[PDB]
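One chain comes next, on its own, written out as structure tokens in the form deposited in one PDB entry.
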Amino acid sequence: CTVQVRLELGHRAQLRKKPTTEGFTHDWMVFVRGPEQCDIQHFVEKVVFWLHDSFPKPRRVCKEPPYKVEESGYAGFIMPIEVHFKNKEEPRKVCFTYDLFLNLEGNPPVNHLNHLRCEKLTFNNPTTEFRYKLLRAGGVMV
């Protein structure tokens, strides 16, 4: 059989009225979460957010929900996001290339923004133990 589950990747960003002592101009948050009333913790081991090299501890890990990183900084960047599964067979993780953008190139000028990216994952022939976790999370058998 085939089991599909859904992830939502997203972020929010806020232009600061005044920059931090550090000069940070934006506050931002990036997340991985399930659709409403779906508990992805059943099948997600951890979520690794790979921040820009300039960040201290750029490898940010959440082993439990919420799977998110709140930060402040100077600029947007491309953020690899690994979602590791509670799975003993391949694949044990999926990697997303997440566009963490902090403005719209002043066209138009915004002082905040939100983005959501809905992702479907398809697991062929999961083990009994991993099927239970996927379906327990609200996954659909196909």
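Between two forms, the rigid core is defined as the largest C-alpha subset superposing within 1.5 Å. Only residues modelled in both forms are compared. Residue numbers count along the first chain shown, from 1. First, how it differs from the form deposited in another entry.
- Among the candidates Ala75, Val61, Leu104, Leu116, displacement between the two forms reaches 2 angstroms at the C-alpha for one position only, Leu104 (superposition on the rigid core).
- Core-superposed comparison between the two forms: residues with C-alpha shifts of 2 Å or more form a single run of three or more, at 103 to 110.
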The other form holds:
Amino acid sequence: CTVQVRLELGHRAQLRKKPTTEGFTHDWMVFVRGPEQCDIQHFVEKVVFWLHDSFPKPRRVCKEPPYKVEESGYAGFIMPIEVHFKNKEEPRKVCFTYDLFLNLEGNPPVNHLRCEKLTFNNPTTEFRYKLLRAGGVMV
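Could you present the same protein in the form deposited in another entry, rather than the form deposited in one PDB entry shown above?
FYI, this one's just the chain on its own, none of its partners or other molecules.
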């Protein structure tokens, strides 16, 4: 069998009304989630968000939903996002590279959505069940 599951990556950003003491101009939020009706927790062990080295403790882990990071900053950047699976064999994880871009002052808030598709060939019985409970479909 071959099982396909959908992931949704996305982010929001907007100008703060008041810059922080550090000079951070924006609030933003990044997320990994399933499409409507899909609880990806069935097959996702954790999501690791790799922030820019300019952030303290840049490696941010969510072991359970919502898989997200809420932060404040002054600039956008490329954010590796690793999704780890509740799997006993390969693939154990997948790494997306996510563009966390901010809006320029005067322009509308960012509200970006990105749909990803994962294909698993011949998963174990145990892992197949997890994928199907998360809204996976055989292909």
